[PDB]
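J.: The primary structure of each chain is shown beneath.
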Amino acid sequence: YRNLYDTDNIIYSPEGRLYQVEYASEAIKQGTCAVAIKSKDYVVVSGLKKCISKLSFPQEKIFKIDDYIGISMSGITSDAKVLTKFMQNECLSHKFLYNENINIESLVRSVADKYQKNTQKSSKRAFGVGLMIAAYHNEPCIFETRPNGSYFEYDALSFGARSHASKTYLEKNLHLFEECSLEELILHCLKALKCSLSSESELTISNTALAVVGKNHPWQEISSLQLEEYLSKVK
Amino acid sequence: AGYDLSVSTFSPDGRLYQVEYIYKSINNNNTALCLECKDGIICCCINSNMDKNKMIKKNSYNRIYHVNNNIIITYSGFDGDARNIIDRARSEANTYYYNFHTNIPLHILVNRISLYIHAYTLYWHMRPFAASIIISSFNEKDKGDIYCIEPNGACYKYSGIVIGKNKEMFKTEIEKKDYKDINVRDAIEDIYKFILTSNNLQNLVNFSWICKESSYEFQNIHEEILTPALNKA
Amino acid sequence: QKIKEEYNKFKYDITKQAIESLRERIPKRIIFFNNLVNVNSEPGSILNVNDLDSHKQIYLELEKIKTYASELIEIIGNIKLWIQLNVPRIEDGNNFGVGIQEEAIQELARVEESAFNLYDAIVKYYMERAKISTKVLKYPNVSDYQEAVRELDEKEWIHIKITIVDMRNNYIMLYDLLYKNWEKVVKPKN
Amino acid sequence: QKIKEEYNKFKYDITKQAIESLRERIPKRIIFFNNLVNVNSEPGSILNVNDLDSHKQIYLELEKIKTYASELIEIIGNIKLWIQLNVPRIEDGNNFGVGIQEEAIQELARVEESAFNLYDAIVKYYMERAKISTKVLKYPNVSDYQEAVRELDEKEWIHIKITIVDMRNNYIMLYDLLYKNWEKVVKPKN
Amino acid sequence: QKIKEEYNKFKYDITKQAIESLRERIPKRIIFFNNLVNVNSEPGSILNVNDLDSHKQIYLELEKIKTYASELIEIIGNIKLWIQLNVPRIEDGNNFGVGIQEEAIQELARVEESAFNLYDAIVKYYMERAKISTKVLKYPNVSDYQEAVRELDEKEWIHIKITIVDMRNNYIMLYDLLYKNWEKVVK
Amino acid sequence: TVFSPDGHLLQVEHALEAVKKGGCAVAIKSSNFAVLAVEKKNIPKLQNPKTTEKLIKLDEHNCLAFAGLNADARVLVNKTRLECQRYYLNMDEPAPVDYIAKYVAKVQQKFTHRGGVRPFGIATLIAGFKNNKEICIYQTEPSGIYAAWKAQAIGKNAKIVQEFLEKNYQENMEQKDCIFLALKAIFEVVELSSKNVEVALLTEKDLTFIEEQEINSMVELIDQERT
Amino acid sequence: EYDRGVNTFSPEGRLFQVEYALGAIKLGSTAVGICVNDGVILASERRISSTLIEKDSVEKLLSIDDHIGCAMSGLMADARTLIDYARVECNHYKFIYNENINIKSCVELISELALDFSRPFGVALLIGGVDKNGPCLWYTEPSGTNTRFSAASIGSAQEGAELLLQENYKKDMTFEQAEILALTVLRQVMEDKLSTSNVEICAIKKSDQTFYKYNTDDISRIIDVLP
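Protein chains in written order, with the entry's author numbering: chain F, 2 to 236; chain G, 6 to 203, 210 to 244; chain g, 16 to 68, 134 to 270; chain f, 16 to 68, 134 to 270; chain e, 16 to 68, 134 to 267; chain D, 8 to 234; chain E, 7 to 123, 136 to 245.
Simulated from the structure, these hints should not be mistaken for laboratory data.
Please note that a few of the clues may not be correct.
Said to hold, decoys possible - The calculated EDC-like cross-link candidates involving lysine to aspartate or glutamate, where the alpha carbons are at most 20 Å apart (straight line), are:
id: 1; chain 1: F; residue 1: 55; chain 2: E; residue 2: 177
id: 2; chain 1: f; residue 1: 269; chain 2: g; residue 2: 231
id: 3; chain 1: G; residue 1: 162; chain 2: G; residue 2: 44
id: 4; chain 1: e; residue 1: 146; chain 2: f; residue 2: 151
id: 5; chain 1: F; residue 1: 30; chain 2: E; residue 2: 25
id: 6; chain 1: f; residue 1: 31; chain 2: f; residue 2: 151
id: 7; chain 1: F; residue 1: 118; chain 2: G; residue 2: 44
id: 8; chain 1: G; residue 1: 43; chain 2: G; residue 2: 228
To be verified - According to the in silico footprint, chain E covers these stretches of chain D (three or more CB under 8 Å from chain E):
id: 9; region: 50 to 59
id: 10; region: 120 to 133
id: 11; region: 148 to 154
id: 12; region: 164 to 177
Built from N, CA and C at the ideal position, the CB exists for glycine as well.
Could you build the full structure based on these sequences and the hints that come with them?
T.: The following block contains the structure:
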């Protein structure tokens, strides 16, 4: 427990861990909550903005890559706008060098190496961020990355301050696959935020960004005049 | 105490750390398995990380990569630092195909991948790799050959090898048969019996054999060959 | 199996006592000792010798001290052990929270050991005063021995009250410290 | 919920007393002690023994010291405690302001420790003179014992005045330090 | 607000006394002690016992010692306090000068503690000497007790003069230290 | 050059203390001219010229008087004259003082920001001309900041000499009145001898110096003023 | 502590050099920017040393383009680098494309200069303009995190000036209710008196869309009200 194996990206600990990368995987827990549900043919994303001050407008959490690929960062912002631009340029170039859409599984492999090639060197540090790539190509899939190069084609995710409270809500909810119910799927995803929202506080009055993407749906950002009629007024 | 920080520094007895600590990392992540059979080569992967996630798909975390038609490669350890070697493993097969118009033989691919893994254990600016790669194939006139390239080179040719959190337990169970006996079909039952002994009824494993006289090429199991799994013996 | 049940029961019963002490036992005593030595008091109204007439009055004050000292050791001893039982397996690096736990043990052991030393100090009072009293009996006209008796009681009277202040100040600093560092005391590594 | 109210009221009650003490209680005492040992005196005109005749004269001066010492412990104890209650949760890095807080408590504890030991030291004065005086009564012709009684009181006379200047001097060294570092003691993590 | 005026006046009033000491009070005392123990004296001509006659001679000499000690504590005490009030606000970086200040504080406090302990040490001399003298009356044939009394005076006389040298030497090293680094103690 | 926990710098705060151990220089603006004055001390009986350390020219209408590391000034000046003429070749106009001061301050700012480069330990004050016939005495710093003063002083004890300029600086002085203002600042330099000051009167786009016999007739007035 | 590295992660999951750089924006002069439905007002605070510093030669409201005005704070020696970089990438955008640069597409590139994979920039800007989609006011940080503020304030006194804006802001405010608010908050958090040469405010209306620095003659039109 001499803690000498803690300030470099090259030194390995005697237990086998790499503590400089493990600190970045812990940096995604200090971000706002987010959750994405995968239906049979639709994919939603419930991003919670971080309204810092009273006068300041809330920060943006949900972004866009193409018409069908949309991400939602959860971590520091300085390493999110760089990974978004070094994803969009790897997306529009595929629609320019070729003409079909970019294969979502072949896109994430080019983003995982943006983490991996940024870790092995010593002058460069690991990306402290956690992406949630939500896309639909032929089948709706919800991919996600990590500071360490690792992929898991999920079905229901969570990243955030109270991510464990929303994780438990999806652990006991496996009835999202069979019945799609687009009008009710966003109710489940919005419930995932409300069940883990700042120790019994409301903060859902047009402060939680939503996005839906599916079969004939492009990356439609849910308008501010549509998520508060009944989507935010269920219980 | 002071001689184990960088990788370009030796120890007074003669050993070398920071390439030694990696062995405690590949022996703690999800294990692997690959062993010779009289009909072909059959790999495996035991992703023992259920409890933490439980939300991923059924067969979404696959770890049986291949460079081309008949050479299977698995991992052990860091999933990021192991995919980077696969790109060097795939690009080595393509460079050999451009310059020589032939499939790359295994006794020259495992050497060109060894001088890539080992080359990172020399520069002080870069960190060494964190993966144990299993490389194998099955020729038509010759039997299989599994190369377990560990970190710090050492491309040793094994015949049955496991690398992970139970690298010493399956070796006491693989020796229960020579395996240069009964075919790759019935060997699956013997493999699945080993996993339950050393951990419940979950479909997290994902193996892939190379030969069942199926043009001697790489393929997954099937969804119908996993079903007759003897859950008792 | 009998040993296995009693041990797990033991860890649970302690955990209850630690929370019970922080939610009730320690705050009740905070207000209690504060009601005896109010922070809002004007200077000199607490630490004086104005109400001072063997010294039967001092005896009664020490009896109260012994009650306060006994109950503190029992509560702090169990709360400290509870933090010790919550230290994770020793690992290299990322043990800042273990450092917090050690820091917490350091502050808890310091206050407990300090209060523990009062028991030795009270014995010193009676032994030293009796020895001086023998000298007063042997040499009754050297007035400095009698002045020493007067001054001895006034010193101990002040020390008793400073001890109560030390009680008061330790209880609030300990409760506030655990409150501020609560997330790292329970989950030092998550 | 009543305890939750009573505790929050207490943290507020300290803060009031601390600011009140720095703006009124502490400056008034600085000027007070200064009038007893004026800085403009020529060297040797203060620390002498010309007006020095049990020693009834030393008792009255010692009595004033105990009043000054009592009020000091009460005032210093609450201001020090107030700074202690304002130290934030321990974190890695960006705790330069916490370093100021830690350094200040050490200095604050030093002055408190210095004043606290005077009560025991005065007992030592009577103890040493009484032992030697007994020898003078038993052996009235060994003249060095008679010189020793005179010098011990004269020693305390010198030490008493040095004690009074140190009181004055500790207050100013304490006040200027807290004033200069006032912004980091209240808001240390920005 | 009335105290605030008096307080700023107090901070002003200190500064005057400090400068006065460096230009007059400290150099004059350097020469004073030097006239008692000249550096050009031949070895053994200072630390001797030729001029040594209760011991009334030692008695008269301690009164001078207490005088020398009193003026030292008073002068150094104000100088020590003055440098303490000149320490800047604690800030990160550019506090090399507080380190300079610490060296001054360390040496100033060291000399004061040494001189302060003389008052306790002189009381210790008389207590042990009186006790041994009582034993001589009780045990008149043990000759070493009489030799011990004689030797004690010879020891104390030597200790007295080296103490005066230590006084002299402390004044010069202190004056020399502040003078050379004068620009950094003030600014 | 790495940040500190309080937010300040280290080498930028250290190099700023290096210019304090340098000779005093002072430049005073006027209506249509700007008389400069630099005070330097040498060793007698040797060191033949004045070494022309300060009052360096940069163009036909520029004048720079450094303060600080005497060895590091040549690199900043030779990297200034290289840009004082590169501008003339790319804009066909003589380099105004607004661009030179923005350039000299950029060279020092480019060094404290780079990795593994010691910051410049000098602080110059440029006194040139703008696009029109306006004089603007600028003043750089080792940190990179700069401001167009009207009277400024740098070097050893740059605070009391700067304080004296605030006491008697009028709007538009005359020729001899503006020289006497800068020549009244010899209180900082010991012995006030004429072998220490070296004034230079920059006027109407024609830089000229002042002979040693003229400063004697002006420094002798200080003897009747120091009583 | 782990501040020896230029970019190393903490056990609690945060940076260190970036965290230390945040403690450098609370030392310069204060500033305050207020956004309305038809413009944006940026009120700065001049903290000139003496009468030697020439007025208008030093300022805190640098312009990025003709339609984007911004304030600054922190290390002013390093604030003229991002602004000099914003003055290039914005005019480079006006050459490739032809419309005025949007603030969101300008603040995101000015925050992209905080890449260290040199030491990070200790500058806190207050970019605000009327590019498109109505007037906007942004506030960047040394960490690169940008937020859209309706009425922000940076500088030394930004702790008392932030909540003071929350106690007087109105969504339907006008320029007369904004210019009054942009100066009534500066009189509170101030060490001097708000004279005609202590504020250098500027406003960018929505009608003409061009910035306009308020001279000393028009500054008396607002400071005479004093509600």
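J.: Does each hint hold? Answer for all of them.
T.: Here's how the hints hold up against the structure:
The hinted pair formed by residue 55 of chain F and residue 177 of chain E meets the criterion: a straight-line CA distance of about 14 Å does not exceed 20 Å. Among the hinted pairs, residue 269 of chain f with residue 231 of chain g is inconsistent with the structure: their alpha-carbon atoms are about 47 Å apart, more than 20 Å. Between residue 162 of chain G and residue 44 of chain G the alpha-carbon distance is near 18 Å, which keeps this suggested pair within the 20 Å criterion. For the proposed pair residue 146 of chain e and residue 151 of chain f, the alpha carbon gap of about 32 Å is over 20 Å, so the pair is violated.
Taking the CA atoms of residue 30 of chain F and residue 25 of chain E, the gap is about 18 Å. The hint holds against a cut of 20 Å. Restraint check for residue 31 of chain f and residue 151 of chain f: satisfied, since their Cα atoms lie roughly 18 Å apart, inside the 20 Å limit. This hinted pair does not check out: residue 118 of chain F and residue 44 of chain G have alpha carbons roughly 40 Å apart, beyond 20 Å. With a CA separation close to 16 Å, the supplied pair residue 43 of chain G and residue 228 of chain G stays within the 20 Å bound.
Coverage of a stretch by a chain is defined here by at least three residues with a beta carbon nearer than 8 Å to that chain's beta carbons; for the region 50 to 59 of chain D and chain E the count is 0, and the condition is violated. Using a Cβ-Cβ cut-off of 8 Å, 3 residues of the region 120 to 133 of chain D lie near chain E, which meets the minimum of three, so the contact claim holds. With 5 residues carrying a beta carbon less than 8 Å from a beta carbon of chain E, the region 148 to 154 of chain D meets the three-residue requirement, and the given coverage holds. With 4 residues having a beta carbon nearer than 8 Å to a beta carbon of chain E, the region 164 to 177 of chain D meets the requirement of three or more and the stated coverage holds.
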